[PDB]
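In structure tokens, the next block holds one chain alone, the form deposited without the named molecule.
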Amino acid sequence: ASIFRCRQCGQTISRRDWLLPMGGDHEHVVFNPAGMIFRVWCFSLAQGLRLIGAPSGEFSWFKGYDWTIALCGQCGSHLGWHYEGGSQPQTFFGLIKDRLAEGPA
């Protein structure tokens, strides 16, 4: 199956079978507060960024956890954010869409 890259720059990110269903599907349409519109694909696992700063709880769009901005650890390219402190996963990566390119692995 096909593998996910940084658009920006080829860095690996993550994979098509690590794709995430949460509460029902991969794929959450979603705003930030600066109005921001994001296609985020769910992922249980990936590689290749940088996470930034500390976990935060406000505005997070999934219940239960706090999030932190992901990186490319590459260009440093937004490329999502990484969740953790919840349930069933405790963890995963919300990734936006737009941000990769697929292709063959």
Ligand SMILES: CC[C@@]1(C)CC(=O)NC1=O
Contents of the next structure:
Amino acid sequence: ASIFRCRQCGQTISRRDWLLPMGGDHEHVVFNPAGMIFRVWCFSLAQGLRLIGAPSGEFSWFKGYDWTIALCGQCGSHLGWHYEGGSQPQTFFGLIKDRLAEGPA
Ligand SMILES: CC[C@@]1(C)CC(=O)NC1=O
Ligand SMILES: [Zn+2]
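Next block: the form solved in complex with the named molecule, after the form deposited without the named molecule:
All chains and molecules follow, beginning with the one already shown.
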């Protein structure tokens, strides 16, 4: 169990080696304004996504970062957000843990 695939279609997305402990922890449990709870795992890098629209700072869970919605590039499933415009690191991915499947490389 070392790579993460899209749970809906199997697209390769990220790797356990790429987990990023933001604020001391790779896991952040957060809510959006519609009250949905997300268990977000932070990754330094991802692939196989499609980033939609232009970045926005509104309601950002991570201070100094602007977000863009990240869909699975294959099936369109909403897998998380790409973060940018911040510092150390400038960018990273916050991916929804229960929307990924973990398994061998
Ligand atoms: C509304 C945008 C999202 C869902 C993404 C974020 O970082 N904060 C949020 O609540
Ligand atoms: Zn997919």
